[PDB]
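Shown next as structure tokens: one chain only, the form deposited without the ligand.
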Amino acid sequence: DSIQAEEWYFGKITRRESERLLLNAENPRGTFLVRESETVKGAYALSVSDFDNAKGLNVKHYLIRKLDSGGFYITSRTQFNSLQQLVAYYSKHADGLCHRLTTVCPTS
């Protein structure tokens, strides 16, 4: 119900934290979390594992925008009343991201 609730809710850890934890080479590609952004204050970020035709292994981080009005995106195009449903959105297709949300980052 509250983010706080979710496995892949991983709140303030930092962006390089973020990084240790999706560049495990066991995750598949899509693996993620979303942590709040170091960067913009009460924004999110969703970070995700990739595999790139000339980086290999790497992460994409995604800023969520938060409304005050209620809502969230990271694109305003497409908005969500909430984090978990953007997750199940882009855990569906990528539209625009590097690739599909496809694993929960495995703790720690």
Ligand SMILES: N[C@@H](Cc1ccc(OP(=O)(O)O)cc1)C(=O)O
Given for the second form:
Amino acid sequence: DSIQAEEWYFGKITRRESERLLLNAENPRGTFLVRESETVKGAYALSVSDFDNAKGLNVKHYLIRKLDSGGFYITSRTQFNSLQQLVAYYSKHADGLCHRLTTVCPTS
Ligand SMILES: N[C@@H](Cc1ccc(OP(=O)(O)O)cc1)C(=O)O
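For comparison with the form deposited without the ligand, please write out the form solved in complex with the ligand.
Next comes the full complex, and the chain you just saw is listed first.
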């Protein structure tokens, strides 16, 4: 499946629009989507809802780097062959993120 078939992939959605979808108070902590990065050409971003001890409802953004040789990572130590594999991995455990991925971002 191309990434575009995944319900968590929102392509060229802006960082701002992603926060609008994610900051809904109904969303469980760890609601997420994946999108193109607005600031790094070719890269992706993983946007995750959080409840911060100081800031309350908050959206965290993680940069997903792409290798021309194939593969994706947030940290170069932990590489995946696909965005689908990266999502599956972080859905199991936070492993450094603010929270594990729990919930595919609902639409409006
Ligand atoms: N802003 C993040 C890192 C980051 C940078 C860029 C990025 O892509 P975009 O510019 O589309 O949000 C995502 C995440 C941080 O403070 O750790």
